[PDB]
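Protein chains: 2
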Amino acid sequence: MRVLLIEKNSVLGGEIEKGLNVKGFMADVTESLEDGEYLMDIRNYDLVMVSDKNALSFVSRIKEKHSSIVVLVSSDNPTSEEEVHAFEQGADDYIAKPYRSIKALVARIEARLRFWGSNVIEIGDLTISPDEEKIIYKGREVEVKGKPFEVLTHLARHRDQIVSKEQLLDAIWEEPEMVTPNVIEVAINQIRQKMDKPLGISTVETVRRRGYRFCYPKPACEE
Amino acid sequence: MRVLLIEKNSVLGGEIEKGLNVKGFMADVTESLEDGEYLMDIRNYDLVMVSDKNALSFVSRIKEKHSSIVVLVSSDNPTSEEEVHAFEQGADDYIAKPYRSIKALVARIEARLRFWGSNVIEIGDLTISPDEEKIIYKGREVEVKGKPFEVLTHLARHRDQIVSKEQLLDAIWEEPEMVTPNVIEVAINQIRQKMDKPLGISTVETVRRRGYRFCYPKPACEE
Numbered sequence: 001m002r003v004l005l006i007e008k009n010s011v012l013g014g015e016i017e018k019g020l021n022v023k024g025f026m027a028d029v030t031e032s033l034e035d036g037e038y039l040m041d042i043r044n045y046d047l048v049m050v051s052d053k054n055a056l057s058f059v060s061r062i063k064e065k066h067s068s069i070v071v072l073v074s075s076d077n078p079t080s081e082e083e084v085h086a087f088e089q090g091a092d093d094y095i096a097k098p099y100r101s102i103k104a105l106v107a108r109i110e111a112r113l114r115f116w117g118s119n120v121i122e123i124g125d126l127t128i129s130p131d132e133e134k135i136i137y138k139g140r141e142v143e144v145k146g147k148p149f150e151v152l153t154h155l156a157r158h159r160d161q162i163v164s165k166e167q168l169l170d171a172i173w174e175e176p177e178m179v180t181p182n183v184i185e186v187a188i189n190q191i192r193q194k195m196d197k198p199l200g201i202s203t204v205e206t207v208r209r210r211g212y213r214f215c216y217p218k219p220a221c222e223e
Numbered sequence: 001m002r003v004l005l006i007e008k009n010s011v012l013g014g015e016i017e018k019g020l021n022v023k024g025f026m027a028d029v030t031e032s033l034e035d036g037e038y039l040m041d042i043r044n045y046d047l048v049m050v051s052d053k054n055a056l057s058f059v060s061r062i063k064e065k066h067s068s069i070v071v072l073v074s075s076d077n078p079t080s081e082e083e084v085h086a087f088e089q090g091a092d093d094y095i096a097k098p099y100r101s102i103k104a105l106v107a108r109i110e111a112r113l114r115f116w117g118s119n120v121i122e123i124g125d126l127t128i129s130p131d132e133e134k135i136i137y138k139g140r141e142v143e144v145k146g147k148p149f150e151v152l153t154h155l156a157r158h159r160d161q162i163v164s165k166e167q168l169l170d171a172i173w174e175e176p177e178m179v180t181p182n183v184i185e186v187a188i189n190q191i192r193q194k195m196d197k198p199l200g201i202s203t204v205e206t207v208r209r210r211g212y213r214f215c216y217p218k219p220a221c222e223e
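Chains as they are written, first to last, in the deposited numbering: chain B, 1 to 223; chain A, 1 to 223.
Pulled out of the complex, with its shape left as it was, chain B reads as follows:
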């Protein structure tokens, strides 16, 4: 996890840099959104913090381009106008720039995410965390954010149950996504040729009785 501090004043970024260090978090200082937009492109950050007034525009694109991320905007003018705009535009939390006491700022970031990590589904050595939008295989952590991984998260949860072709559709989409008609055909034959490879364990059965039946692998129950 990394923290992004978009501030032109290196002095204020200096104190915060040694402020979150106590939590063992990494801090990054940038100038205008341009440096933050170009710097974040090569590296992703868990906490997106920016004290720039044009933050409303930046957080707006960060919320839609990456809603699965935290945003902490600041402002030396905590007025009711910026308060509603911060939550309406798309801000996870807003702190008065003047900083109540540094530890007050980081403290809010700490309670926001201390352990940072969770998982809902767990089968064998494979662990899928749909709440945190994160898939793990063989102990390998991989991020997800697209239609190709969307289905991967679908069977990840509704596993161990019957799955018809219409099931993936209504569980994913087709018309609204302007996808190519009959997407279940190429999407399932490939996802399987791409899933059994990395996992190495089969967990899908094809039958004409209904469609595709997903069954948990050999007893993954602890001995």
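Hint data in this document are derived by calculation from the structure and do not stem from the laboratory.
Cβ atoms here follow ideal geometry from the backbone N, Cα and C, with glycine treated the same way.
Possibly wrong hints are sitting among the right ones.
[To be verified] Here are the simulated DSSO-like cross-link-like pairs (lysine-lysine), alpha carbons at most 27 Å apart as the crow flies:
| hint | chain 1 | residue 1 | chain 2 | residue 2 |
| --- | --- | --- | --- | --- |
| 1 | A | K165 | B | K97 |
| 2 | B | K63 | A | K165 |
| 3 | B | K165 | A | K218 |
| 4 | A | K147 | B | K218 |
| 5 | A | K147 | A | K197 |
| 6 | A | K65 | B | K63 |
| 7 | A | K97 | A | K65 |
| 8 | B | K165 | B | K197 |
| 9 | B | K97 | B | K145 |
| 10 | B | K138 | B | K63 |
| 11 | B | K97 | A | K23 |
[Stated by the list, open to error] Examples of chain B residues lying across from chain A (beta carbon under 7 Å, computed):
| hint | residue |
| --- | --- |
| 12 | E83 |
| 13 | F87 |
| 14 | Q89 |
| 15 | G90 |
| 16 | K97 |
| 17 | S101 |
| 18 | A111 |
| 19 | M195 |
| 20 | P198 |
Given chain B, put chain A in place with the hints provided.
Here is chain A on its own, set in the frame of chain B:
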């Protein structure tokens, strides 16, 4: 949903009372927390807010006695010492008592709770939401957190699956406790009599083989 506003000043708790009401929310004003604690024990609330300063100890147990609830404490003295103690003691958010502009406070309560409504399991007209810890039957929402509640939600998720008797024993009582592999007959018998009463529809199949099997109602299909 319901909102709880504890404030010794009826004038301030008054404006808020009729403030968020415009959003179509329900709210009640009380004096000391004693009234709120004696009023909430008989009625449950989703948003529990308090402007009392000695609430630190109260809001603290609220998270313990109700970690699945929202907590909004206020304070006419926004000091870094109270802020850290607010998140440390047990507060989801803290607002400077003076209120930025009422609507500003309600806006934060709305964004945090706009639609509020989800369910991981669904079947026919019955709805069950274990993540939020709540059972819904015949369009009636009811909260449960006793010993025989998690067991009901347990078979709700593991629906359409076979489960042995011992599994249930270690499912709710996994930590070392006086389980004595034999009380299951009592817990299962009590659940069967406590589940059919409310849900006039059976959803559990009892079979001497293996143990108890869970499946959706037999007449669920229109046939």
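Now for the hints, and whether the structure bears them out:
no., hint, result
1, A:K165 / B:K97, "violated, 58 Å"
2, B:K63 / A:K165, "violated, 47 Å"
3, B:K165 / A:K218, "holds, 24 Å"
4, A:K147 / B:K218, "violated, 32 Å"
5, A:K147 / A:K197, "holds, 18 Å"
6, A:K65 / B:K63, "violated, 34 Å"
7, A:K97 / A:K65, "holds, 25 Å"
8, B:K165 / B:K197, "holds, 22 Å"
9, B:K97 / B:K145, "violated, 32 Å"
10, B:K138 / B:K63, "violated, 31 Å"
11, B:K97 / A:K23, "violated, 30 Å"
12, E83, "holds, 5 Å"
13, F87, "holds, 5 Å"
14, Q89, "violated, 11 Å"
15, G90, "violated, 10 Å"
16, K97, "violated, 14 Å"
17, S101, "holds, 3 Å"
18, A111, "holds, 4 Å"
19, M195, "violated, 23 Å"
20, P198, "violated, 27 Å"
Checked against the numbered hints above, the structure breaks hints 1, 2, 4, 6, 9, 10, 11, 14, 15, 16, 19, 20 and satisfies the rest.
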